[PDB]
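So this first bit is one chain, no partners, the form deposited without this ligand, shown in C-alpha cells.
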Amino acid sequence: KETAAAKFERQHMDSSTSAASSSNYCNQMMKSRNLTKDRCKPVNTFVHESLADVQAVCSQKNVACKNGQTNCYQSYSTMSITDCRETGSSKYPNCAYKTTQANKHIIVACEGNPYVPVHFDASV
C-alpha cells in the first residue's frame, strides 16, 4: 500500500519545523508517525528541510551505503536533523527516546522514478 518514497517521508520528513522544538520531540513524533507501533524503533532521524531539498540529495555526492550498495547520496550542504535514540528506561509499548538536535550532511539511498530517497542511511 505505502510506497518506499512514502515510507521515507513518513519516517524521516518533518519540514514543518526548523529544529526539534522541545526535548520531548522524539517521544511525540516517534509515536505519532507510527514508529513505535509493533515495537520501539531503536534509532530514527527526522530532517527539518523542505521535501524538494531532500529529494535533490539524489543528484549530489554518490557514496557507498552502509550495506555495500552504491546508490547512496550525500548532501552537499549540511541540514537540520534530529537524532532520536531509545533510552534505557524505554520499553514497548511505552517507548521513550532522547532528542538530539544537530546540523549534518545526510546520506540517503535513492531509487525509482522519479528518483527519490527511499531510505535514510547515515548522517556525517
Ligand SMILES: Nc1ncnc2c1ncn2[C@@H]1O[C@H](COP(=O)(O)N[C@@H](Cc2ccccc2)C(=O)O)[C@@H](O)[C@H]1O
The other form holds:
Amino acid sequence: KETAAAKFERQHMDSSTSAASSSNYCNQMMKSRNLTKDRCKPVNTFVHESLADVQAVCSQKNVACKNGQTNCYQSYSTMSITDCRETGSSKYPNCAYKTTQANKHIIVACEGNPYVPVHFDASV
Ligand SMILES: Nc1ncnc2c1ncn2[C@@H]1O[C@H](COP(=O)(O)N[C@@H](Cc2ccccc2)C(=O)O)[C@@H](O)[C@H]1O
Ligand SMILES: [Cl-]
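Can you return the structure of this protein in the form solved in complex with this ligand rather than the form deposited without this ligand?
First the chain shown before, then all remaining chains and molecules of the complex.
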C-alpha cells in the first residue's frame, strides 16, 4: 500500500524541527508516525534535514549495506538526527522511548527512479 520511498519518509524524515527539543520527542514522534500501532518499534532514527539534502545522499559516498548489497550511501556531511530507543521497562501498548539528539553521518540504501532512500542503514 506504501512505496518503500514513502515508508522511509514516514519512518525517518522530520524536516519540521532542527533538533529534538525535549526528552519527550521520541514518545510523541514514534506514535504519530504509526511506529507504535501493533507493537513498539524498538529502535528508530529521525533526520532533521530537508528532504532534498537527504535524497542527495544517494549521490555521495557509496558503501556496502549491512545486508551486503552495495546500494548504500554515507552522507559526506554530518546531519541533525534523533535516535529513539525503547526503554527497558517499555511495554506495548504504553510504548516509552529515550531521545538522543546528535549530529552524525547517515547511511541509507537507495533504489528506484527517482533514485531516493528506501532504507535507513545506520548513523556513524
Ligand atoms: N540495500 C538495501 N536496499 C533496499 N532496501 C533494503 C536494503 N537493506 C535493507 N533494506 C530494507 O529496507 C527496509 C526499511 O528499513 P528501515 O526500517 O529503514 N531500517 C531498519 C534498520 C535496519 C538496518 C539494517 C538492516 C535492516 C534494518 C529500521 O528503521 O528499524 C527494511 O525492511 C530492510 O529490509
Ligand atoms: Cl542492509
